[PDB]
Amino acid sequence: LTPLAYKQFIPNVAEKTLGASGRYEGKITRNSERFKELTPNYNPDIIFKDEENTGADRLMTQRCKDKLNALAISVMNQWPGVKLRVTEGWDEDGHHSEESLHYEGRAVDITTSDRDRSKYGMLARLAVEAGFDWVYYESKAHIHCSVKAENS
Amino acid sequence: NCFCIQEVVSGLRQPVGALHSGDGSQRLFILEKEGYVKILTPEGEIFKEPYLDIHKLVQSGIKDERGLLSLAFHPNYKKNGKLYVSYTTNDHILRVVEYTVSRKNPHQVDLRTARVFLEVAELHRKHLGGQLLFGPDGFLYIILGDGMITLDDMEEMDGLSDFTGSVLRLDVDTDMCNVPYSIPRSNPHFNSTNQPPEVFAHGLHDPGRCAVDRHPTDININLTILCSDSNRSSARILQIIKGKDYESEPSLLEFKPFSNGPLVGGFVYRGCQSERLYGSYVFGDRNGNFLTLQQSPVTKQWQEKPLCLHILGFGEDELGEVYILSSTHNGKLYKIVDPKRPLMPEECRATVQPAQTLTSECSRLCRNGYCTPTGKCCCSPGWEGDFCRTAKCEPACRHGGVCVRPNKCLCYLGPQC
Ligand SMILES: [Ca+2]
Ligand SMILES: [Ca+2]
Ligand SMILES: [Ca+2]
Ligand code: NA
Ligand code: NA
Ligand code: NA
Ligand SMILES: [Zn+2]
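Going down the list, the sequences are from chains D and W.
Residue numbers for the first sequence follow full-length UniProt numbering, beginning at 40 and rising by one.
Under full-length UniProt numbering, the residues of the second sequence are numbered 215 to 277, 280 to 306, 316 to 456, 460 to 537, 550 to 567, 574 to 657, 661 to 666, in order.
Bound conformation, chain D alone:
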């Protein structure tokens, strides 16, 4: 398994295409009826920064909960004592470029537990093999993953 390169993404297309994570549905606010499609994620083998204290980093769509939990296993298996860490999940306002899949609970910004950036690329690969419909080596500080909606 050869880790993803800096600023590389798979598939090699835009995030919101049929081949990728799919078109943007809309902003899923709290008072929005579609909110209940976002259930919290309590996988003990995952570290959520939750710097907002709101626990919004755990809220995600079913498909995302599947890919994530599947990725959290690869991580522990790849590097002993190293778990999957999520810094950002579903957001409730400006913090990402509008039309973002973070507003829908379809996107997750992840890193390793030890923050050792040397594996951020291998993590991105394990994400692609985990099933995520679009993994992107966003920055040197974290990788960005996203899935499709129930509309697939």
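Any given hint might turn out to be false.
As the list claims (entries may be wrong) - Covered stretches of chain D, going by a simulated chain W footprint (3 or more residues, C-beta under 8 Å):
(1) 126-136
(2) 141-154
(3) 174-180
To be verified - With a straight-line Cα cutoff of 30 Å, these simulated DSS-like cross-link-like pairs (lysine-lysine) come out:
(4) D/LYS187 <-> D/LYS55
(5) D/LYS104 <-> D/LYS55
(6) W/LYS329 <-> W/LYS294
(7) D/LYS66 <-> D/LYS187
(8) W/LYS581 <-> W/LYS295
(9) D/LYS187 <-> D/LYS88
(10) D/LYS179 <-> D/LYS158
(11) W/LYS277 <-> W/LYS578
(12) D/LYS158 <-> W/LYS472
(13) D/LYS88 <-> D/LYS75
(14) W/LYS472 <-> D/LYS179
(15) W/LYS351 <-> D/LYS179
(16) D/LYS187 <-> D/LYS104
(17) W/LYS262 <-> W/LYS329
(18) W/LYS472 <-> D/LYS46
(19) D/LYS122 <-> D/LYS179
(20) D/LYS46 <-> W/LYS351
(21) D/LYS88 <-> W/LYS351
Said to hold, decoys possible - Which residues of chain D face chain W? A few of them, derived with a C-beta cut under 8 Å, are:
(22) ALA44
(23) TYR45
(24) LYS88
(25) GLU90
(26) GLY160
(27) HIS183
Keep in mind that the hints were calculated from the coordinates and are not lab data.
Heads up, the beta-carbon is just placed ideally off N, CA and C, and yes, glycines get one too.
For this one, chain D is given, so just place chain W with the ligands on it according to the hints.
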């Protein structure tokens, strides 16, 4: 013992720095925060028409480091007429574009020839940068501060620069068209699929104007960038070893020279007017207090000496003489002269050659595409050949097959023969 400054021109408008082109015109280009670039003839005349007008593209603001940051003329500006400017635009964006003087008016850049190199995301308007400058190898350096962007930020936010707080270094001289710039082999992250190739070294935060020594006394060093970072204020310097192919970023050398207090910036004096200043670092603060730094071939220690004589920035003419920009719409430009010498020693003289219209082969007959700083005519979609005259066909012509009008081959019969 004591230096003197003389006024060159008052009534300026938020000046941030002064520089020269190096084409014999001895013009003094004045950068203005708002987004203007005024010209000043050696004798002291100012031009009615701005050399660069982009106050619409740049977001100024008073307080806030947003606005016109830096500018750097390409070494071969006399031939290719290339220049590179950085500024904030839309929080906002620190952009670094390449412009090209008009082939009709050597005193005004063609705004159509704009060509963006870097677009850096910014969340605050402090610790920005964005000093531009060329090195002895001709490579372009871009000093960007951390822009108040924390690690947490870059870890939980998408679409952040990842160049902030680092010194970038890219080769603008390329015979390539699919990219604005190429990465120097000398770079630490050349051919690297794990880190940004643009980054040479990082560690900066809030760097003022960083002094540049182009002829370091150290034989094994070809260039040195001394920055007065106020973060608890220290001062880090960048070493660029001669003939070294970096395979990993160098560490910024950290040392605490300056007595005490914040500093606007510094510079190295490579002038002819003064002898007792040649090779000295000169850093000053916004109050008007200056100092001089100097090292040692051995022991490599530093010494601080007071320089006897608000500050917005420094300048330098084509002849090496340094200037001081001081303070709306009332900025002034002061020239630094050494009383122990005439205002113009006979050895400092240099006949003035006014700026002339470009003549390079490329800029002479290059249509449908732009010219790289290396005189190459890069063809725009739908053109080929040395100077993009040979028409493109889609589908291309088969049996020769001379393409002329829009996708209309010239055979045989048919659209493509
Ligand atoms: Ca978060
Ligand atoms: Ca958030
Ligand atoms: Ca500055
Ligand atoms: Na290298
Ligand atoms: Na040297
Ligand atoms: Na060509
Ligand atoms: Zn993201």
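Outcome of the hint check:
Under a criterion of three residues with beta carbons nearer than 8 Å to beta carbons of chain W, the stated coverage of the region 126-136 of chain D is upheld, 5 such residues being counted. Counting residues of the region 141-154 of chain D whose beta carbon lies closer than 8 Å to any beta carbon of chain W gives 3, which reaches the threshold of three, so the coverage claim holds. Only residues whose beta carbon comes within less than 8 Å of a beta carbon in chain W count, and the region 174-180 of chain D has 4; three or more means the coverage holds. A threshold of 30 Å between alpha carbons decides the hint, and for D/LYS187 with D/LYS55 the separation of about 9 Å falls inside it, so the pair holds.
For the proposed pair D/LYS104 and D/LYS55, the alpha carbon gap of about 19 Å is at most 30 Å, so the pair holds. Distance check on the hinted pair: W/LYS329 and W/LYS294 sit about 14 Å apart at the alpha-carbon level, within 30 Å; holds. Between the alpha carbons of D/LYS66 and D/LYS187 the distance comes to roughly 15 Å, so the proposed pair stays at or under 30 Å and holds. Note on W/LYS581 and W/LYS295: the hinted pairing holds, with a Cα-Cα distance of about 29 Å set against a maximum of 30 Å.
For the hint pairing D/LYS187 with D/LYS88, the CA-to-CA distance comes to about 24 Å; that is within 30 Å, so the pair holds. In summary, the hint linking D/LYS179 to D/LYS158 is supported, as the alpha carbons are separated by about 10 Å, within the 30 Å threshold. Simply put, W/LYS277 and W/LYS578 have alpha-carbon atoms about 19 Å apart, close enough for the 30 Å limit, and the pair holds. A distance of roughly 28 Å separates the Cα atoms of D/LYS158 and W/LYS472; the hinted pair therefore holds under the 30 Å criterion.
As the CA atoms of D/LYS88 and D/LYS75 are separated by approximately 22 Å, the hinted pair is consistent with the 30 Å bound. The suggested pairing of W/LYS472 with D/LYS179 holds, with an alpha-carbon distance near 26 Å, which does not exceed 30 Å. A C-alpha spacing of about 22 Å is found between W/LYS351 and D/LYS179, which places the hinted pair at or below 30 Å, so the restraint holds. Our distance criterion of 30 Å between C-alpha atoms is met by D/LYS187 and D/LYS104, whose separation comes to about 12 Å.
With a C-alpha separation of about 17 Å, the suggested pairing of W/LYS262 with W/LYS329 holds against the 30 Å cut-off. Of the pairs offered as hints, the one joining W/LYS472 and D/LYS46 holds, with about 27 Å between alpha carbons and a cut-off of 30 Å not exceeded. For the given pair, D/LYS122 sits about 18 Å from D/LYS179 by alpha-carbon distance, which is consistent with the 30 Å threshold. Restraint check for D/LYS46 and W/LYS351: satisfied, since their Cα atoms lie roughly 26 Å apart, inside the 30 Å limit.
A C-alpha spacing of about 27 Å is found between D/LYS88 and W/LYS351, which places the hinted pair at or below 30 Å, so the restraint holds. This hint holds: D/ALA44 has a C-beta 4 Å from the nearest C-beta of chain W, less than the 8 Å allowed. Here the hint on D/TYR45 is kept, as its CB sits about 6 Å from the closest CB of chain W, short of 8 Å. Interface restraint check for D/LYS88: the shortest CB-CB distance to chain W comes to about 7 Å, inside 8 Å, so the restraint holds.
With a least beta-carbon distance of about 7 Å to chain W, the hint placing D/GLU90 at the interface is held under the 8 Å criterion. A cut of 8 Å between beta carbons decides the hint on D/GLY160: the least distance to chain W is about 6 Å, and the hint holds. With a cut of 8 Å, the hint placing D/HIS183 at the interface with chain W holds, because the nearest CB-to-CB distance is about 6 Å.
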